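Below, each chain spelled out in residue letters.
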Amino acid sequence: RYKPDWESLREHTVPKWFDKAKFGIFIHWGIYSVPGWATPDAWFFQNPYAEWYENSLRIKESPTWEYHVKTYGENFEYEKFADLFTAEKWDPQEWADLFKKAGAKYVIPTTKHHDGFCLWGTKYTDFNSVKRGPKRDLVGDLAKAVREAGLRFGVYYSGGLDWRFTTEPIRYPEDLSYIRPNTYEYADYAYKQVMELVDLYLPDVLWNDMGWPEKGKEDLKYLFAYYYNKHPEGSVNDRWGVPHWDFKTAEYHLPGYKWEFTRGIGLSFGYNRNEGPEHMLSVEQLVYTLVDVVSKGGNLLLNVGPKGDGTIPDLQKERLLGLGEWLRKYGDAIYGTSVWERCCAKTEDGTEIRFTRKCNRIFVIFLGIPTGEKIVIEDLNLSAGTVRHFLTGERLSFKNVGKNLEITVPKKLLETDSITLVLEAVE
Amino acid sequence: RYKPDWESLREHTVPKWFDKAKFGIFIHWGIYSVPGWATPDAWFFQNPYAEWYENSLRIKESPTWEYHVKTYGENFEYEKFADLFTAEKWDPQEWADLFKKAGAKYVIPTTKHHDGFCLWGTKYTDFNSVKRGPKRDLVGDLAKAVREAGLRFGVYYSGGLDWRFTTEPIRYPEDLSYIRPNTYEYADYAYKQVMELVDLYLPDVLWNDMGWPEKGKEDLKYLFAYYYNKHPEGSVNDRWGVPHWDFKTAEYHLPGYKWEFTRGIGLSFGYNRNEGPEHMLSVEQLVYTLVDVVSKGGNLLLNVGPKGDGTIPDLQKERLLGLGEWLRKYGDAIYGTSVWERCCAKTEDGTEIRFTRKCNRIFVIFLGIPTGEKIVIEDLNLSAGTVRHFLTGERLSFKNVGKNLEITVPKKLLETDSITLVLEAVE
Amino acid sequence: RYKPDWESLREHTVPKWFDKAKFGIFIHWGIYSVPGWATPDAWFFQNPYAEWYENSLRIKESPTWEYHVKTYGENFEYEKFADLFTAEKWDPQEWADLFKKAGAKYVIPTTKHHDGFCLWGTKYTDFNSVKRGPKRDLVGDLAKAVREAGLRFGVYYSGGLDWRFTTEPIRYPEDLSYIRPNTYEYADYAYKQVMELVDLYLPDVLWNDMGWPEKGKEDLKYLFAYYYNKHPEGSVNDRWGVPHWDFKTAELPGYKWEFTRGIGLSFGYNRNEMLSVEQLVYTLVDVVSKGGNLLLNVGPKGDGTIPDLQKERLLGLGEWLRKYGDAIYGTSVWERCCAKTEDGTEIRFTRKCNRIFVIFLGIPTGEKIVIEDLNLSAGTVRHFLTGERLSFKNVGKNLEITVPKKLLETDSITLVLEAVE
Amino acid sequence: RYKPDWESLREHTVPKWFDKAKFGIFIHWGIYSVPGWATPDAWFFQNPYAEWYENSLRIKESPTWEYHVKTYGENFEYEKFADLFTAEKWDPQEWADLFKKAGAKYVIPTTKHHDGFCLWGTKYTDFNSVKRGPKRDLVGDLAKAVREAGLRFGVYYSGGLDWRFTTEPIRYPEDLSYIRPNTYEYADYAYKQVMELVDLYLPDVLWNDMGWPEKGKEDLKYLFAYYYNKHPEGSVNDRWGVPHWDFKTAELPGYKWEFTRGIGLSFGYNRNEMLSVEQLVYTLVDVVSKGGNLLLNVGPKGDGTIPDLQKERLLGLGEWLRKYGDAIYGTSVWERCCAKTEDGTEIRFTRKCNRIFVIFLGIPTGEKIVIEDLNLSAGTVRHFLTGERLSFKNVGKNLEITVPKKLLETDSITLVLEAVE
Ligand SMILES: C[C@@H]1O[C@H](O)[C@@H](F)[C@H](O)[C@@H]1O
Ligand SMILES: C[C@@H]1O[C@H](O)[C@@H](F)[C@H](O)[C@@H]1O
Ligand SMILES: *[C@H]1O[C@@H](C)[C@@H](O)[C@@H](O)[C@@H]1F
Ligand SMILES: *[C@H]1O[C@@H](C)[C@@H](O)[C@@H](O)[C@@H]1F
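Protein chains in written order, with PDB author numbering: chain B, 7 to 46, 56 to 268, 275 to 448; chain B', 7 to 46, 56 to 268, 275 to 448; chain A, 7 to 46, 56 to 266, 275 to 296, 301 to 448; chain A', 7 to 46, 56 to 266, 275 to 296, 301 to 448. A prime marks a further copy of an entry chain.
FYI, nobody ran anything at the bench for these hints, they're computed from the structure.
Watch out, some of these pointers could steer you wrong.
[Claimed, not checked] Quick list of in silico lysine-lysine cross-link-like pairs, DSS-like style, CA-CA up to 27 angstroms:
(1) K207(B') x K230(B)
(2) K138(A) x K146(A')
(3) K232(B) x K236(B')
(4) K232(B) x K138(A')
(5) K232(B') x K232(A')
(6) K263(B) x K263(A')
(7) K138(A') x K138(A)
(8) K138(A) x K317(A')
(9) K379(A) x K22(B')
(10) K207(A) x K75(A')
(11) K379(B) x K75(A')
[Said to hold, decoys possible] Which chain B' residues stay away from chain A? Per the calculated CB distances, all over 10 angstroms, these:
(12) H18
(13) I74
(14) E89
(15) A160
(16) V257
(17) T283
(18) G345
(19) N381
(20) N402
(21) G414
(22) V447
[Unchecked claim] Coverage of chain A' stretches by chain B, computed from C-beta distances (three or more under 8 angstroms per stretch; other residues unrestricted):
(23) 9-22
(24) 182-189
(25) 275-288
Where is the CB? At the ideal position from N, CA and C, for every residue including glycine.
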């Protein structure tokens, strides 16, 4: 039983389901999705994250302001996007089904992003999807659908930033230090809202962003204790600005700790019209990224930015479904695995290789499919055992040659693989 | 003049009236009195304190939950008891008169217990007796009546616990560390409410329970300074979780400091139907307890748990009135006394003895009436003086025999006493 | 048992012996006693406290600097007075006995004053009376003598100020906010020294001066708990800078406190310098009537003798106390401290159970006495010394009492009456 | 690289070797070993821990005070035991080898226990084993021997308690809240000594006891970062009083922890005083099944020999561990620790990938075994030693297994089964 102090909360280790899940879907959706626009040390003047629309708009003359004055006019307050956000083509079951086939094991929507708009029927502000726009509990309906599809549900909350409590935009990164809600009122609000999400939706992940208000950091002792005692399988990210977390997050990419890399299929998290497939990962690069991350002990949290009407952009769909097809073939070498002696190796040709492990098995995942039958892996040796082609299970001849390892794979099997050659060695 | 720091507030010593009062009446009354039910390390699963009804009810399947689903049904929220709490047979003057005859010198009702329901017309919540239930300022009406009877009035406030601000029950004692209001809002609320009680009712005791919110502990510097500067005769208990108090409290029973033992006539504080006179102190044991406590420097705060309709249970009445009859006879040996060289002694027969002191006089109070004329007190010697039978004032022969003291008391006088033989020695 | 937190240490109320004591003796004695000299918002430039000699000397061209540069020389360091401090005629038994006769109930010597010189054989500095000067544990020998005479023994310690750790003089009051040892080393040193006084001598009073080093204030919850648990009748003044004290100090309250002053002005002996016996009595009575103890300072000489003038006044106090002590010892405050007669004579009150002692600061010259703005419901007023019942009457707002001249002439210094109620 | 803040130090998870080790040896050895005596809410008055000898001795008239005033004399100071502590028959290689044979994977000696005596050549006190007694770096020579035998080496340090800094004995538990060194000087000393252990010996475990001085707790974020950066496979217990630990200690959790106890009751050697080999095995298994390591204490004699009784039991453990070690080393917890047969025999579980080891605390006498309130979906259950497949069946809430008597008779102390799923 967890007590509200850091020493006791350290007893809560990362839950097993999270280490085994490997792949989760982030969803950045809100009233910013309605305009759904961003540009192609002044990152905040030329912000490619469309979720940040309100911030960009508050910086007058920026590319986001100039786009806004054309489309909606100068007297359109950012706040009015909430009435246009009717999510009328939204089918939460379709989303859930899409995420399942993508091969995702958990799903995490933005319940409240930096703009302060809440995607549930919170008692603590009318600025929410039940009283405005969709007239719908979006978070609850999505949780229901996610779990009907057999998946786990978590919640994102923008604890550290809420532009309902500020009027001034972030122009440079140092503006983050002081352009914050700052009040005791806000500290209470954020604590009350995350408590509300815990009690209403029992999420398996609490995914905070942008730190936590200084005045509320001691409250997290109590929130984490409460959450873990009610829901021990629950897990917490590392963006709270306090000594406790269950896993770490990265956005720019062997650790003995659990972590999670998150990016969008493109550059933005929120839907961005102005993006296009030249800034987007191919199915191939998405598979390589997932494989690299997993070989290094991480989970991939891949983001989807839906349109204001509740449809997921065609490109995004295609990439998720292609990722899912790869995972349907090669999932055994990803789900439920642990890191091996090292993440990485390479062939003589220059093909990168990644290792995962399930018990005695070490999966050898090639980021690419070699052209010839003679594959030579550098700096690697294997004791006596059996090496097999993963997809067909076909036995393979292998030998140790100096410090390298020569494996011989029939062309017939190579032509069978998709994106990655995968082998499998039982020592 | 008191300043808001601990060093200065230490100048406020326990007021004289409190050391001299000896006997006070606690009143545990609220919407929990309406169901008025509790059971005969899992103390919170089988809670015999009926005031804790809401907590017990929130623990589903507990004896309190199962009782509730029969009597009121499953869709009866705890909060609905507030509308049934009409206190329609309440006569505050009868209560006050009863407390006077019981021999009490101060009276302290629960103004707000753990359930958060307020027995006065507070401006800071509608969850109170003026807007709901009785449609009456219960605290003000009772203070008025208590003081018309010549008694002192104090207030109990549940500062540390308020289940209006939590939804989750306390299952084990460690749940107390984190299942608390926790907010800055709550710290303000509690400070504002006790300030309100001070200004409205000018209580001679501030009786806090369950500690004080961590975020509000520095406020108590200001509250105590304010209270003492406005009302210097005022006094404060030791349940605030800060370095200052006027007296200490005990619930499980020679100190150089002032303290106060509190218990119910039975086991529960709030009315409990399910109790009955086998868990209740007799008049005899109530007198012995009072005498023991007073000989050790304490006051007894004896609790009464009224029914929802505002009547005090017959048993409770009988015991108070019997206590009062004893105090009408033997009050001189209790009221206004100080502790002697030691609290205690015993006879050859095994009868416990207790000492109190008024100036040069040392009262010798026997917890029982010995059968024979020759009483022998162990380990006690008296210099030359006069020993008298207390009730009749009759002179008595006494002598020092070794380390013991032989006193000879006529049977005629012994038959005169009630419950306790009391003697009286002027050295 | 006490725990090292303030909420627990509050259970330690002022011990009853201290409440009842009423009168104690301070002793300001050290190497500053050797020169024993002070002057006849520039208080530190012209300091009349002889104990502050080192500070005054560090202020160039001050009256003390001038005296020192004539009598001892400019290159005579103050610390060398330690070699001249021999205490050749010191008899702690004489001291103990004089204090007993004066009516005192406790005795408190300076174990270490601001100059940092220690009057016991401490292990944390060589700048002490065992290694230097007298070659004697002055604190230990006085404690034994004081206790053998039946008096309580306490200790003064200059925790907040130690001029072995600072070079710069205090010139103005604000200088006290920063010219302090300031180091962690000093915080440990002070803690270790008071613990040593506790372990060695188990004093009945811990009398700190000038605050406690900021870095060491959290040590005090442990020190107090340790002290109280070894010695529950011990007591602590209020010059430590923390939530807990047993009595306040000053140089009707509900709380216990203590007024301190010298028989003259300087605490340490001053040759270049006094309350009459009358004035000492009036002061005692005044202080007691307001809930206080008087802590009266004697400043002995380097050779350990208390000057005749001081010896004589303590004895005069003691004779008054032999006569009227029942109106002083073991008393508590009445509903007020003070009153006045129609002819301007001050009155003070004390209480013992049912008796109320009425102590006139003077002996009125007339039989008919009118006390202003007082009534009594007691039913007898008596002359205290004989208990003889007197005729009195509440007349409007005043109280009229007839004391026969024969009874007035029996009193010494103070007319004392006594209402039995 | 780790930074000196708690949020960063949390990246240092419990090292995998410690998770897999399961069994370590504590060694309580010092000058208290010389007298080596303890008694047969007054726990400190009648202390059975021989290591606490100095504390017990400081309590006048206690059983230890009496023994000391007969055997050594009243004026024999405890610190003089340092001269009698010569460790003449000490062979760290013998120690290293016995521990290896016992199946232990790490070894942790007391470098400094509560008495403040240091078993290495520390530069911050002369009260150590190089300047006194053995004239030898005991910590350094044991570390070399332990590592040469292929075992991990850690260090115990009594940070929270050091009786060279306190005079007053612990008499009741609450005394631990204030009878502590308490000074800044001690905070530096402890920090400097643990840094010295890190610099000199790079231990694999830092095993603090009795908390860390309050004034030094902020030093620990720097010490841990420094330690981890020099030695990433290092580890830290949970008796420092700060947010960061690698494992908890005790004398199904998701976290790593460690149970510690002696082969007998006293940690330090006690002449005036034991688990059978069976009991040690059951304890190991019990602890491991709940996610723990067992840290088993030996208390050697002043001459450096471990008594026969202790040598024999460690070896008995080691033989059991040679047989059944695959069910212990490198395992993780299953979905629960424990179960019981219908006839009252306790069961414990461990896990290695797909295999689930079923370890009976006893050898059941019958072929037909019924485990209460358990089912398995695994599809084969085997006798562990041979891997022989057994007949089993889920029957309602229970699990029925037939073990042929021939297979029961092959096991030593524990019947072990094994579900491959
Ligand atoms: C009693 C008196 O206290 C003051 O604070 C000191 F400055 C002075 O020297 C003397 O010790
Ligand atoms: C391992 C054990 O730990 C306790 O905390 C100590 F008090 C004891 O002496 C021994 O060292
Ligand atoms: C914090 O981090 C990520 C997850 C995005 O939500 C970004 O917009 C926010 F600033
Ligand atoms: C605190 O203490 C006593 C006075 C009762 O009110 C109890 O119910 C509460 F928990």
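*Against the structure, test the hints numbered earlier, and report the numbers of the ones violated in rising order.*
4, 8, 11, 12, 16, 19 and 24
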